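In the form deposited without the ligand, a lone chain appears below as structure tokens.
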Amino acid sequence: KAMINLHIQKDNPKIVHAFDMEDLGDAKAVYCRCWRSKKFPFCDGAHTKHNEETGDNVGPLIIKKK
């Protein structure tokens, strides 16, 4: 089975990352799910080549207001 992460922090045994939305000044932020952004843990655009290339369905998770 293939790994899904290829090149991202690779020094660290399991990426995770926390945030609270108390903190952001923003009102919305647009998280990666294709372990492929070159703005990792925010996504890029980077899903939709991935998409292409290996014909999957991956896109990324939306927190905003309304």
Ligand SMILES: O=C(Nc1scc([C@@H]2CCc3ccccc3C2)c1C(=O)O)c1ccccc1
Contents of the next structure:
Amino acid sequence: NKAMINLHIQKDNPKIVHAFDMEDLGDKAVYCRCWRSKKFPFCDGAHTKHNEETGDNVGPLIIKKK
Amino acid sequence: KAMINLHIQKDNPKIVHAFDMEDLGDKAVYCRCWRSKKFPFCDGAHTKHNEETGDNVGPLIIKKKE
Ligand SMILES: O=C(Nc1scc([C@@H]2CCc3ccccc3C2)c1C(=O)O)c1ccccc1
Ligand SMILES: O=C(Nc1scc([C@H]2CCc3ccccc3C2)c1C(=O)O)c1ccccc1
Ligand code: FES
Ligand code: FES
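Starting from the form deposited without the ligand, produce the coordinates for the form solved in complex with the ligand.
Full assembly next; the chain just shown is listed first.
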């Protein structure tokens, strides 16, 4: 608990928060929780490379319809 | 040691959560910092993380439209 989690994303914003209306989502949204996506706040699979390199076990959050 | 998640479910090699819109309330707030004691939900722990590390991470909000 010394290192930043986010290294590069919107560093002029002092607290990055995203808010979406569930009515605006498609059938599925896949959100990044690793701060390595080139499509942040969406997951683009960059968590696998992170986990591979660091031995971590992070992954995305999926919001979907039943 | 450049891991993002330090302590959460470390017997799981890739932590992914998936929720159905239909089961959510008016507002669900999800943790993107891996420091919440209520993970995958946000409990405010990101502020302490940001202050300690100089980071700027925060949660993902899924809500019903106005
Ligand atoms: O890691 C990625 N996606 C992941 S990881 C886990 C899911 C879960 C798996 C099971 C599952 C079961 C029921 C309903 C949804 C899901 C989704 C998904 C997904 O639906 O995309 C990824 C990789 C490269 C580019 C973009 C995204
Ligand atoms: O609604 C919640 N949090 C919200 S709503 C808006 C913010 C941000 C937005 C950006 C921002 C930018 C600079 C300074 C403050 C803020 C506030 C936050 C936050 O957590 O920091 C919530 C948290 C835990 C449980 C339940 C609800
Ligand atoms: S790219 Fe960050 S969780 Fe998938
Ligand atoms: S406790 Fe992790 S984003 Fe709020």
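Just so we're on the same page, rigid core means the largest C-alpha set that superposes within 1.5 Å between forms. Numbering follows the first chain given and starts at 1.
Relative to the superposed rigid core, the position of the CA of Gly25 differs between the two forms by 2 Å or more.
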